[PDB]
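Novice: These are the residues of each chain, in order.
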Amino acid sequence: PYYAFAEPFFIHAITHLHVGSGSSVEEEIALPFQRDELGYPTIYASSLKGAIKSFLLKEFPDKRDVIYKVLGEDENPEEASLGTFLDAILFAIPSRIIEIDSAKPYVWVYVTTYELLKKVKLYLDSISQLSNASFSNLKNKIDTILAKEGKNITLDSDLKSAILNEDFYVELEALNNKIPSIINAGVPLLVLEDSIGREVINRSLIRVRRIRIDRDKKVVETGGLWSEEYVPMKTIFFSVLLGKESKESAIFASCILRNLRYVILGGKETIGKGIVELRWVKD
Amino acid sequence: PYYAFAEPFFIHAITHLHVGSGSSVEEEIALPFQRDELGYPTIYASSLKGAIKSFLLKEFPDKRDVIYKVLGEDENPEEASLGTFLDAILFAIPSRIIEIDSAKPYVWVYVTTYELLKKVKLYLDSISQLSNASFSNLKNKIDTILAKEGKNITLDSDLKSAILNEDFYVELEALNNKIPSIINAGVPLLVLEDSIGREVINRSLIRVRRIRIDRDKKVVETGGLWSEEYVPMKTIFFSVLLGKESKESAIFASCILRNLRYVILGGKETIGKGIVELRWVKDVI
Amino acid sequence: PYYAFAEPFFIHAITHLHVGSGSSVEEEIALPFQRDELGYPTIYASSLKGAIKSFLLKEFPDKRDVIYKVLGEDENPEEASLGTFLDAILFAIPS
Amino acid sequence: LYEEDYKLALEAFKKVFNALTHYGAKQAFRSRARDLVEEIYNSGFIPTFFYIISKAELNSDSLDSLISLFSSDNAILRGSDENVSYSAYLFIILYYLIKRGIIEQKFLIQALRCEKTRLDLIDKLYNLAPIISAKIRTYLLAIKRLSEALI
Amino acid sequence: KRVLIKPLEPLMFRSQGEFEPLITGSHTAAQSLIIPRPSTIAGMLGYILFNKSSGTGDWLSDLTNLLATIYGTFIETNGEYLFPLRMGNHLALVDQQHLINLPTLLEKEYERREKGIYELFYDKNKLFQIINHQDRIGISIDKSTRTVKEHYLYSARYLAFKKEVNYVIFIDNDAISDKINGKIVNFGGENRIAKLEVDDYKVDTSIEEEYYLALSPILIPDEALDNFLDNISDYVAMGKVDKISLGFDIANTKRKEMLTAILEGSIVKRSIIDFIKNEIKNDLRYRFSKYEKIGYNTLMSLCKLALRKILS
Amino acid sequence: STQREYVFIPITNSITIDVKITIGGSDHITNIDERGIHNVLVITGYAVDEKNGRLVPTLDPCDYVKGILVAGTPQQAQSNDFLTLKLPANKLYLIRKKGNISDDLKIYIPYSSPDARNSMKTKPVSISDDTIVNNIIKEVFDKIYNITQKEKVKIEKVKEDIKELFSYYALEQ
Amino acid sequence: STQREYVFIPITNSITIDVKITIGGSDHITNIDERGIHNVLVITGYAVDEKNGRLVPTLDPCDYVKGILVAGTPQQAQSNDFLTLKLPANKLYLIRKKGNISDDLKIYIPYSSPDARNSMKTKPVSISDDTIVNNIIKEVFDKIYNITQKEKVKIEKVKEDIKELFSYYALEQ
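The listed protein sequences correspond, in order, to chains G, F, E, B, H, n and m.
Quick note on PDB author numbering: the first sequence kicks off at 2 and runs consecutively.
Quick note on PDB author numbering: the second sequence kicks off at 2 and runs consecutively.
Quick note on PDB author numbering: the third sequence kicks off at 2 and runs consecutively.
Quick note on PDB author numbering: the fourth sequence kicks off at 2 and runs consecutively.
Quick note on PDB author numbering: the fifth sequence kicks off at 2 and runs consecutively.
Quick note on PDB author numbering: the sixth sequence kicks off at 2 and runs consecutively.
Quick note on PDB author numbering: the seventh sequence kicks off at 2 and runs consecutively.
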């Protein structure tokens with residue numbers, strides 16, 4: 002009742018992403034990403050809901066009724082919304098790897114920590130039997146992983162040693178013998194210790210300096226230089242769409258959602274920094 | 002479709018181009034190139050856009066309205082742009098080859114990896130969903146290439162062995178001896194594996210120690226010595242230009258884009274680094 | 002007309018010519034010659050520009066302002082340079 | 002992580018500023034810093050380590066006032082040809098390698114004390130080239146900064 | 002018997018008035034309460050168990066037709082019951098062991114007392130190890146220009162949880178122990194989400210002492226004010242008295258009433274427990290009985306986890 | 002000429018006879034490829050008769066039934082009441098899909114005009130009591146799918162996917 | 002009721018004669034509002050023939066003619082050479098838009114057959130030479146917007162406007 006059904010999904014970044022927060026963090030960045038309490042990037046539920054709402058209002062410019070029912074209304078005449086988003090928690094950021102003693106060549110891997118999988122488990126178990134879906138095949142894998150907490154774990158491969166992001170030497174260990182990978186990709190996944198993970202990850206985040214040029218002399222304008230922070234292409238965020246049951250959800254979550262693969266998240270889309278892909282956890 | 006028009010294009014460097022890098026991580030070179038998340042070179046779409054915009058603002062002074070509309074106003078913006086650029090993936094970098102067994106000898110070849118076609122494919126699918134264009138030829142060639150992932154192959158020329166960039170021996174397979182070349186050219190394209198492709202590529206990049214000489218004594222000044230990373234001629238990038246409809250997008254895509262062939266990307270322009278040619282995929286296939 | 006004037010030219014070496022690349026560890030030779038992207042010799046347009054500019058600055062001690070305008074000022078650069086040298090392709094070598 | 006490296010860039014140093022006196026092969030150390038670093042992270046640690054040992058012989062006063070900077074302070078590495086003044090950078094690399102446990106002072110010390118074992122030391126480094134190049138990265142860039150700042 | 006309200010993500014419990022674009026030339030803002038008023042938890046549990054033709058104008062008569070005597074709320078990190086403690090505008094989460102010697106600490110003389118309260122609210126305080134306000138600035142975008150509207154920007158200081166944290170309330174009823182256990186509530190404002198956990202947990206109630214801790218706002222009958230605000234130092238040792246609104250009811254779409262209360266974490270002396278009984282009429286008793294039912298007039302011994310209502 | 006037919010997946014054995022031909026047309030889309038039943042077809046707005054199982058139309062979108070779309074004919078000489086409809090093949094509400102579709106497919110649906118006697122109360126029905134799931138496999142996943150014990154080994158996966166994926170709607174009438 | 006016709010603004014003459022219906026209905030689309038011209042139309046792929054100014058239809062979408070839209074009808078005797086068209090007014094490429102418009106219209110545009118005997122090389126023309134600016138301000142704008150020079154000292158404003166807003170392409174023959 003009142004969230005009788007739930008659908009989780011992965012937000013797989015197709016291009017770099019910027020979801021701003023002003024100048025919200027004490028950092029060397031002028032336009033940082035949206036941070037968690039642990040400083041990991043996240044996508045607030047407001048941004049996620051607003052972006053998907055705006056997208057659906059133009060990709061199905063006739064279902065205004067259904068989208069306005071589920072994702073709420075804009076004008077003052079309103080009524081209780083009946084589908085909500087949870088903040089997108091970062092799942093796995095990409096990482097350049099130089100593997101020592103491995104003949105399976107890998108130029109990049111996915112990197113997680115245990116802090117992150119803790120929250121992913123918090124989301125997944127809070128739905129598993131609370132709602133009427135079957136995601137044991139994933140919550141149990143994450144539980145297996147969190148069992149080995151404290152040490153750098155490599156999944157679905159055997160590397161035993163690697164240099165991550167060209168600056169960090171880690172020594173891995175296979176989980177048991179192998180675990181059926183949790184992403185259709187073939188890229189390995191590494192669940193690093195929380196201490197070195199938040200360095201490898203802050204090394205994966207793109208932090209560029211941008212310039213504003215004076216046209217009549219092609220020289221930078223004074224005070225025309227700032228720094229941004231995108232999250233790399235191929236990054237993966239995780240969140241859930243929590244929906245009540247009011248005969249619009251039966252339509253929203255059945256034909257609107259079946260058609261969604263790509264949406265645009267966050268700002269700077271003229272720089273092409275918003276394309277992202279939604280894979281629903283149904284595989 | 003989310004986008005009125007979607008124009009994928011290739012970016013053939015005419016001269017060694019140097020789009021400077023923005024990053025506060027200290028690296029070896031004084032002025033490195035722009036890297037993507039895989040370390041490869043790229044042209045951050047901010048640079049693409051800010052260069053093409055300032056070029057069009059001079060080459061078409063009678064259409065400042067259309068340009069300001071599709072590429073955003075400059076000073077007092079009351080609106081968002083309608084045109085978008087996607088970051089320029091490296092598509093194929095050139096490398097000096099030393100053949101072993103082949104009828105016709107080459108002295109350079111086109112070197113691409115699989116972790117790059119796996120991004121061109123992302124772009125093509127993502128854009129075929131957010132538009133009406135269904136780039137069946139690019140996709141039906143790149144998926145056939147990626148089918149053979151995990152082994153160095155040659156697309157057309159029959160080589161079976163070579164020494165790329167005078168340090169890496171590779172043993173090459175053939176795809177079908179029927180695939181027409183992705184780009185239209187006479188030089189073969191090697192789709193290398195990624196661990197070896199990374200090193201070949203990083204050897205293709207041009208590092209250049211430069212100095213600043215005192216005019217008086219003709220000796221280097223006390224400080225004027227830095228390094229500087231370029232990207233060779235003939236390097237091919239891949240980007241996409243996308244736009245929502247405003248009847249000034251329909252005129253951008255039909256008058257401006259049909260007359261863009263050469264632009265000046267990047268910096269170091271006074272020394273010839275940056276002239277680059279645009280080929281529109283609607284043409285090259 | 003993105004460019005006011007375009008002046009392609011040849012560069013005939015009167016004497017032998019050494020434009021240096023810089024040291025290395027895999028160099029095979031102490032002081033080598035600048036190279037193309039595909040192995041042939043070349044003159045990087047920075048060498049060309051600095052050489053021609055330092056020549057002009059003393060062969061034309063009164064056009065110094067025109068030189069600075071077209072080939073970039075030295076002391077306080079407030080602006081770009083209207084001039085542009087392209088890297089020197091090798092055209093023909095005597096054999 | 003590598004925050005201790007910025008102190009190691011001193012406790013290893015102990016002097017390469019006037020122990021490298023006479024401003025010749027002293028101001029050549031900036032060249033070492035910049036060029037060597039760039040080449041280690043373009044060519045490799047091995048192609049550069051060979052190139053560095055080639056400029057510094059084995060079993061001589063070079064080795065004497067190189068190991069002397071393991072248990073002493075005053076090591077005036079004077080000599081015009083960068084051969085006693087080239088072991089500066091070699092000692093820079095070796096002090097890091099030993100004080101970070103990448104290789105042990107047992108094997109290293111006992112290795113640079115008879116000709117039979119220099120081959121094995123070099124092979125050991127060859128087996129640890131990626132690890133060394135990744136770890137020593139910041140420790141070396143710190144000295145490339147310390148040169149253009151002080152040296 | 003016990004209910005743990007585990008938030009899945011940062012939560013927003015506003016405390017003041019308008020949070021919407023009303024003045025064309027200014028942004029809006031809001032700030033979250035660290036501990037939700039028991040009206041919030043009452044309304045949540047009521048939303049879980051609802052029947053659609055009961056009340057329609059009361060919002061708590063029919064609510065009290067559903068809930069048991071809800072007992073006050075506090076934090077529990079890892080079996081570490083953290084308890085609110087309020088000074089003048091200062092709010093701190095203190096563990097249990099720092100409340101025993103507390104009545105003597107405020108009866109110490111000047112410098113000892115001030116040093117004690119200082120190290121409590123500043124150094125033995127654990128609020129900023131578990132929770133930090135995480136600001137979240139939002140915007141409204143008009144589709145005509147794809148840009149922010151005329152200052153439709155709002156800053157809502159959310160409540161970030163630096164670690165696994167729950168809220169602890171105890172409820173007398175047991176027939177509900179199964180009908181809310183494992184429910185993904187819409188806890189708090191701004192459309193946030195929490196999860197409920199239930200397990201029987203014996204807790205001792207009938208205990209009397211000299212000093213108490215307001216685990217939940219102590220409501221005042223709105224007539225005893227002049228009888229109360231005059232001699233405030235005779236009822237509360239430390240804390241904060243304030244005028245609060247009981248919330249916002251759904252069935253009627255109305256802001257709930259406004260009552261002067263003694264906010265959470267305040268330390269009340271025993272002389273207040275009778276005082277309210279002495280200064281409340283017969284039908285205002287019938288109303289404040291429901292108020293205590295939904296979880297308002299909750300107390301706790303400073304020596305042990307012993308809860309106690311007031312009019313009950 | 003590869004037309005298809007939908008087979009609902011109940012637990013009440015009103016599924017006696019479905020298709021006269023095990024394969025019929027060459028290609029089959031609903032493939033079990035070492036991850037489970039994939040490309041399964043879900044038909045909404047409908048329900049299934051408990052007895053005399055067929056696709057009874059309601060109007061409520063919250064009502065739906067999940068079943069297999071397989072190449073085969075319903076005796077080719079009966080069932081004028083079957084919903085015989087040709088689709089551009091981008092409208093099929095597939096779920097857990099991993100194969101592609103051929104842009105035009107003719108589907109047969111077991112149809113029955115609902116009632117003229119009383120309103121329809123519907124109920125969710127999950128496929129449970131694995132002793133029924135075993136039967137279901139031995140009834141269609143062995144008749145159509147000969148793959149039984151030939152190359153695939155994980156029969157338990159084929160069972161347990163039915164234990165979670167399929168959830169239909171009944172009428173109790 | 003409201004059916005407009007397009008008065009293009011080149012430097013050349015023969016403009017004020019196009020319609021003896023100089024106002025027609027109540028108002029026009031192009032709205033000089035003492036802050037600048039608004040809702041200017043742009044016809045692309047057409048170029049003007051300076052001799053008896055009229056839009057020759059070329060195909061190059063770079064060639065265009067900017068001009069005002071005004072309510073009228075051609076001189077009571079033409080529309081044998083005026084191209085007539087009825088457009089939903091959202092298919093109208095306007096520039097400097099200010100408000101919202103009729104959502105259905107009908108336009109007369111001065112038209113001249115290509116004359117395929119003459120290669121249509123085209124030259125981009127602009128508006129300068131304040132003489133021309135003034136004989137435009139008076140010979141077209143006063144006749145349509147008599148409020149010019151009535152209260153507005155913004156003859157300077159619309160002067161800058163028609164000098165920085167209208168350009169066109171001519172066959173230069």
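Simulated from the structure, these hints should not be mistaken for laboratory data.
Ideal Cβ positions, reconstructed from N, Cα and C, are used throughout, including at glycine.
A hint or two may mislead.
[Stated by the list, open to error] The calculated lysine-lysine pairs, modelled on BS3-like cross-linking and capped at a C-alpha distance of 30 Å, are: (1) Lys-64(G) x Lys-150(H); (2) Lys-257(H) x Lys-122(G); (3) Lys-245(G) x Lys-310(H); (4) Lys-153(n) x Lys-179(G); (5) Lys-98(n) x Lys-140(F); (6) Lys-119(G) x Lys-125(H); (7) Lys-219(F) x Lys-59(G); (8) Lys-152(G) x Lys-150(H); (9) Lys-64(G) x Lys-122(n); (10) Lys-269(G) x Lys-98(m); (11) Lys-107(n) x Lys-142(G); (12) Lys-99(n) x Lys-105(G); (13) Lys-107(n) x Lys-140(F); (14) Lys-245(F) x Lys-64(G); (15) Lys-155(n) x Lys-142(G); (16) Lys-92(n) x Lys-245(F); (17) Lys-144(H) x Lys-92(m); (18) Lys-122(m) x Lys-283(F); (19) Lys-92(m) x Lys-248(F); (20) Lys-54(G) x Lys-248(G); (21) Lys-152(G) x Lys-122(n); (22) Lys-124(n) x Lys-245(G); (23) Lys-54(G) x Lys-98(m); (24) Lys-122(F) x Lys-98(n); (25) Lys-150(H) x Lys-99(m); (26) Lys-152(F) x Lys-64(G); (27) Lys-87(n) x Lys-151(n); (28) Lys-98(m) x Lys-164(m); (29) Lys-219(F) x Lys-50(E).
[Stated by the list, open to error] Quick partial rundown of chain H residues pointing at chain G, CB under 7 Å, derived from the structure: (30) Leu-9; (31) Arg-158; (32) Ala-161; (33) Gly-183; (34) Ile-185; (35) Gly-190; (36) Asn-192; (37) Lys-196.
Novice: Assess, step by step, whether the Cα of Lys-257(H) is no farther than 30 Å from the Cα of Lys-122(G), and give holds or violated.
Specialist: 38 Å, violated
Novice: Take a quick look at whether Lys-245(G) and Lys-310(H) sit within 30 Å of each other, Cα to Cα.
Specialist: Roughly 36 Å separates the two Cα atoms, so the pair is violated.
Novice: Would the hint linking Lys-153(n) and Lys-179(G) be met if the CA-CA limit is 30 Å?
Specialist: Holds - the C-alpha atoms of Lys-179(G) and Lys-153(n) are around 20 Å apart, at most 30 Å.
Novice: With a cut-off of 30 Å on the C-alpha distance, tell me whether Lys-144(H) and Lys-92(m) pass.
Specialist: 20 Å, holds
Novice: For the restraint on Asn-192(H), tell me whether the closest CB of chain G is nearer than 7 Å.
Specialist: 5 Å, holds
Novice: Is it true that the CA of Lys-122(m) sits at most 30 Å from the CA of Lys-283(F)?
Specialist: Holds, at roughly 27 Å.
Novice: Check the hint pairing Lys-152(G) with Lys-150(H) against an upper bound of 30 Å on the C-alpha distance.
Specialist: 49 Å, violated
Novice: Return the status of the interface hint for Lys-196(H): holds when the least beta-carbon distance to chain G is below 7 Å, violated otherwise.
Specialist: With a closest approach of 5 Å, the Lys-196(H) hint holds.
Novice: Take a quick look at whether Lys-64(G) and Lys-122(n) sit within 30 Å of each other, Cα to Cα.
Specialist: Holds - the C-alpha atoms of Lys-122(n) and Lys-64(G) are around 28 Å apart, at most 30 Å.
Novice: Please verify whether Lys-150(H) and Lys-99(m) have alpha carbons no more than 30 Å apart.
Specialist: 18 Å, holds
Novice: Hey, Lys-98(m) versus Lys-164(m), does the alpha-carbon distance stay inside 30 Å?
Specialist: Roughly 18 Å separates the two Cα atoms, so the pair holds.
Novice: Can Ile-185(H) be said to touch chain G, with a Cβ gap under 7 Å?
Specialist: 5 Å, holds
When each numbered hint is compared with the structure, violations occur for hints 2, 3, 7, 8, 11, 21, 26, 27, 31 and 35.
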